[PDB]
Every structure is written in structure tokens, then in C-alpha cells.
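Every protein chain but one is kept in place in this view of the complex.
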């Protein structure tokens, strides 16, 4: 039987634009209480926004605090993701590598860490990490991006191993080419932000309870491999 | 913006019992038109049943035709294993024939109508276990994954996708008849520290049959409480 | 501290032609005692040949027995596909029977002697292609991987390991008879930007047959110039 809906306290990081925005809007339409973080550009009409730079652990702490006061402790964390600085390995700098790692990977650790306490205590948690945006498949021109997104999957699986006994799961959505190279895609087209948002809606629902440590590709078949 | 619901013609093989039954009843409550295959015992009230042994290509043809006349051409195929329970050539070949070749038989029979109508969802249900290292069961379930990926690559241009749901340890009518020692013994290998329900599997199949699953193809979704993590 | 070399009794199925031939000649130059199966044409000078159709369990038994009398019990088994080249139930089942069930047949026949002697290396050679998304070939090669992992899990306690070598696009006698359009066309999908050689495959098999491979079991090694990267 289909489990009854529960309106969850949702935080979507980088939920003001692109895929993050479509996630945020879908989760709100689903009936959840949705908050987003942003860099300054503001949150969309309707939804609760807080400014947060995910490279700053204290700014992550006060974004969560603000969210808990507004709508209750975060039950569903959607970690978008992120940045985007490419380059040939030979031309790629230490600075470019570390900034993408700090935003995309360590940033994911920061928001996950800040959520884990309350999720554990309350015996409910859904951590959903959004790859940007083509992976496991070695692309670029982007040693930094590939490293951060593969690292998020390893991180998620470690969290999943640790916290699944407490009904706190961690899963990854791996988008391919999304419209916010067609030769490599069996669907022969790019996906939409809504097509990503629907997989996140599923992972944020009562139907996803026995999924944990999973990586769900949303790429029209592009990254089939090993 | 959730895509509007579309009532699909659904066929669930081995959908009169266990996980197949939970799946068929979920897809039905979801609003789809749901038929099941069975091997004689009958389909349960509220679902159109047809008899079909998936080792038999002509039986598979007849089952699909019977379904098409009743509720229209199969738009979503759910292939539930076949044979489930634990070495000889005979044991190897029978599980392969039912689990892998049987999966090919139903997929191939579904394919022309799906390509033609520019819509198809093939959803293959792994038997309870892998993929993780059952020589026959492990071969057949690994093989269905390869088959599905091959189909996804061929047919995704025509909006015909193929995906796999890989259940871990799920509470059935035989998992319960299992020895208490192996039941708990397996709990040390599942991070969730509990068995999953047939409804927890039906849930994922509901999602893959829905309009939200359009851009997923060639995927394997584990429903195993984290058991299968690795490479 | 390289472990000292041990001359092993080796059987390479389909080892009289193409990749199987390169493998058998490498293992022989390495210093092993090498036998090959063939389907009538004969084994080449310098290798003990026996006839064996791997769809036939009794032929497999006879081949192993003939090998054991000649050079001692099989310590390293190299299972080379069978059938290679490109849909019906008949086409699906024949490739499955030769490529997957055939792999099970040779593995099962090797197993008791290996467990008993506390040494075994089973090395399964994928046909040229996957695993990447050929519905029959893709199913069978995915299936051998699952089988091998199942065997590795069962038998690794007894120093009997099972591993897979997954070749990409390799220059054979038919890859060359392929259309020039598909040869180059595939080069856009291989980071190395070139086809691999039969010797490049034999090289990996040499390593997995050696004393340096002791702690590898359940692994899949791609020899594909990076073609197969993904998940």
C-alpha cells in the first residue's frame, strides 16, 4: 500500500536557480515545507530563503538555525551544487582545484554534518546529494569537478553505512546533460530540470525508505559503464 | 510542476504472489490498468490475470495478445524473476531459462508496440540477493542488467527505457520460512539493520512506471537498505 | 620480493585462434604447461590441443580428463567466450549457452580439483564489447561477471579465485573484416584513440595467472583504452 504523505522540513542548498530551483519548487508543490539557501540573488517568491556560503561552516550553522526556527528541524537535506571551473590537467591550478573541492565536496560535508545530529536524534533523515552534472564517466577538462562529484558519492555511502540503522539515509542523484555531446546520449536529447526534480521528489518521499547509499543516474542512459 | 498522470497498460509477470503481487496492487492503486501473469493459481480479484510460463515464447505471445485485447498494448512491462530459491547443469540452465531468457522473451515481445507507439517502460525486478557475489541466480540477475542496458542503448531514442530494481533482503513467504540463523545473520550485512517490505519494492517500481522517470534509462536501483554498496 | 614462478597446468578454451591463441602462447612463453580446446581445426605446434564444445558437459569432462593425464590437473582455467559476432529466441539462447552456461560448465568441472589442491585461478575473458550497454552478448558477458563473483565468494577461502578480463575493441581477424565506418566510428569512444592488440589482452591474463595476483578475486579488469568508464 502507498504510505501516507508526511510534510517534511526541507532544505535545498543553491535552491534559488537552475536545477536547485526546480527541485525546490517541486518539493513545495508536493506538500513539503521548503527552504533554500542562496549566494545573495534572493530566494523565489513563496519560499523561505537564507543566505549561505557552503565553504563557511559557521554560515552553514546559522542557515540551519534560521531554518529550524522558521519551519522546524531539517528532515530532508538536498545538497546542490555548487560551482563549475574546467581546464586541461596541465593548465589546471591548485587554486581552481581546491575551490571546486571546497564548494562541491567539503561544502556537502558541511551541510550533511550540520544536519546529522537532529536527523539521528529524531530517527528520520533523508540526505540527497545532487551531482552537477555528468560523472562516474570521466569528462573534461574537469579533474576538479570529477573528483568532487565522485567524492560526494563516497561520502554519501559512508554516511549511509553509519546512519541507515537510525532511519537516516544518504543517496545521490547524478544528472547527465540537463538544459538549464548528444552523440554520447541514448535518449538523443538533454533532460530538463523537472526531470531531475522528480527523482528528488521520489527520494524525499515515503516510498524511498529502503534506498540508501544509492546513486541514481538521470542522464538518458549516457553514463552506463563501470 | 509534476507531470500529469497517465493511466498506462501494465503487465506484471509473476504478479499473483509475493513481491509481484505488491507491485501489481500498487500500480493498480496508482491508477494504471494492471494485468498479471500466473502459472495456474489465478490472479487476485481486481486484476486481469493470464497464464504464462516465461520459458515458453508462444505462451508469452498469447499472454501479451490477451492483455492487448483487454486493456490495450503493454506500455509498462514489469518482469518479476521467476523461480526463487536454492550444482548442476540442469539447475543452472533452468534458472537461466526462466530468469534471463524469460526476461528477454517478455522484453522482445513488448518491444515493437513500444517503439511504434514511442512509449515504453521495461522494469526488470532482480531476484532477492546480488549484485555482490547462488552461481545460477547471480549469473541471471547480472545478465538481466546487461540485457537491459543493451535495450536502453538501442531503444531510448524512441522513448523506450529499461531499468532494473535490485531488491536486497525482503520479507516474503519464504524468507520467513528461512532458518532464523540466516535471517539475522544477513542483518549484520545491511546498514538499515532490518529487512525491507514488499511495499518498499513496489514503491520504486511505481516511481519508474510514473511520468517522473522519463530521463532514467539503463539504471539499476538498489532497494536493500544499503547492503549492496561496493564496486 | 617477487614471488618465485610456478609452472602451472593451464587450460585455455578456444585457445587455437585470435585472442585465445595470443593468450595460450603468452602463458606458454611465461613458462606454464598450456593446453587449448578447439572445435576440430587443431591446436598449433607447441600446445597440447583437445576437442571440446563447451555447450556439451560430457565433452568438457573428457577435455579436462585428457588434460589431467597429459600435464596434470587444471590449476588455471582461461574461459574464452565462444561464438563472437552479431533478434530471436534461438540467437539469444545459443550465445547464452556457449558464453554463459559454457563458462559455468568449465568452471564447475575445474572446481573440485582446485578446492582440493587449495589452488585455483579462473580467468573469464569477456567477448569484445561491454559493459556499457548486442542483447544476447551483453547479457552473457554481464552474467559471467556475476557468476565469477559468486564463485570468488564461495571459493576464495580455499585459495581459488575468479576474475574477469573485459576487452574493449581489439584487433582480431573479424574486427578487420568489419566495415571501415564502424572501426573508426568506435575510435571516437576510446580515449586511447586506437584499437588494442591481442597481446595487450594476453598480458593481463599473464598477470592474473601469475603469483602476483593472489589477493585479487571477484575483479573485472578492463583492457579497453578507457572505453568502458562509467557506472
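All chains are identified by letter, namely A, B and C, in their written order; residue positions are counted from 1 within each chain.
Criterion: a contact is a pair of C-beta atoms (placed from the backbone, for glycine too) under 8 Å apart; a residue touches a chain by one contact, two chains touch by 3 or more.
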**Complete:** Here the chain that is not shown touches A, B, C
**Complete:** Given A:39, A:70, A:117 or A:123, the residue that touches the chain left out of view is A:117
**Message:** One chain is left out of this view; which of A:142, A:171, A:201 or A:205 touches it in the full complex?
**Reply:** A:142
**Request:** Based on the whole complex, identify which of A:21, A:34, A:52 or A:163 touches the chain you can't see.
**Result:** A:163
**Complete:** Touch rule applied to chain A and the missing chain gives residues 57, 88-90, 92, 94, 97-98, 101, 105-106, 109-110, 112-113, 116-117, 120, 135-163, 213
**Asked** Given the full complex, what residues of chain C touch the hidden partner chain?
**Response** 1-3, 25-26, 29-30, 149, 152-154, 156-157, 161, 168, 191-193, 196-197, 199-201, 203-204, 206-207, 210-219, 221-226, 228-229, 231
**Prompt:** What chain B residues would touch the chain not displayed?
**Reply:** 131-133, 188, 220, 222, 226, 228-231
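The working rule: only the chains that are shown with their structure count from here on.
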**Asked** Linking chains that touch, what shape results: line, ring, star, complete or other?
**Response** complete
**Asked** Between copies chain B and chain C, what's the superposition rotation on C-alpha atoms, in steps of 5 degrees?
**Response** 180
**Request:** Express in whole angstrom the distance between the two chain centres, defined as the mean CA positions of chain A and chain B.
**Result:** 29
**Request:** Return the distance between the CA-based centres of chain A and chain C, expressed in whole Å.
**Result:** 41
**Prompt:** Just how far, in Å, is the C-alpha centre of chain C from the one of chain B?
**Reply:** 31
**Item:** Per-residue overlap in chain B, given as positions that touch at least 2 other chains
**Value:** 149, 152-154, 218
